[PDB]
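The other protein chains are all here in position, but one chain of the complex has been omitted.
The chains carry the letters A, B and C, assigned in the order they are written, with residues numbered from 1 in each.
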Amino acid sequence: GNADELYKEXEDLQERXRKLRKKXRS
Amino acid sequence: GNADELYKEXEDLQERXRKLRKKXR
Amino acid sequence: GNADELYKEXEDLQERXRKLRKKXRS
Partner (left out) sequence: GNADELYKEXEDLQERXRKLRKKXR
């Protein structure tokens, strides 16, 4: 648990959500 | 209770996470 | 931006997701 882990997880989750939103509409 | 509602929900959650990242930095 | 805000947001989002999962199945 550190700033780099928090940042990486937050950015991975945001990208996972962009992909999920994209496929949901398609 | 449709795809549009889930889509808006997902965008809202994504932007709440971006706001945490921006505040953290 | 601080530890209390991060904690509160993470806990609010988890609870919002418990409610969304609950209503999705129902």
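The rule is short, and it goes like this: contacts are C-beta pairs under 8 Å (C-beta built on N, C-alpha and C of every residue); 3 or more make two chains touch, one makes a residue touch a chain.
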| item | value |
| --- | --- |
| Displayed chains contacted by the hidden chain, counting the whole assembly | A, C |
| Positions on subunit C where the hidden chain makes contact | 3, 6-7, 10-11, 13-14, 17-18, 20-21, 24-25 |
| Absent-chain interface as seen on subunit A, which is shown | 1, 5-6, 9, 13, 16, 20 |
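Here, only the chains that are shown with their structure count from here on.
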| item | value |
| --- | --- |
| Centre distance in Å when subunit A and subunit C are each reduced to the mean of their C-alpha atoms | 16 |
| Touching two or more other chains - residues of subunit A | 6 |
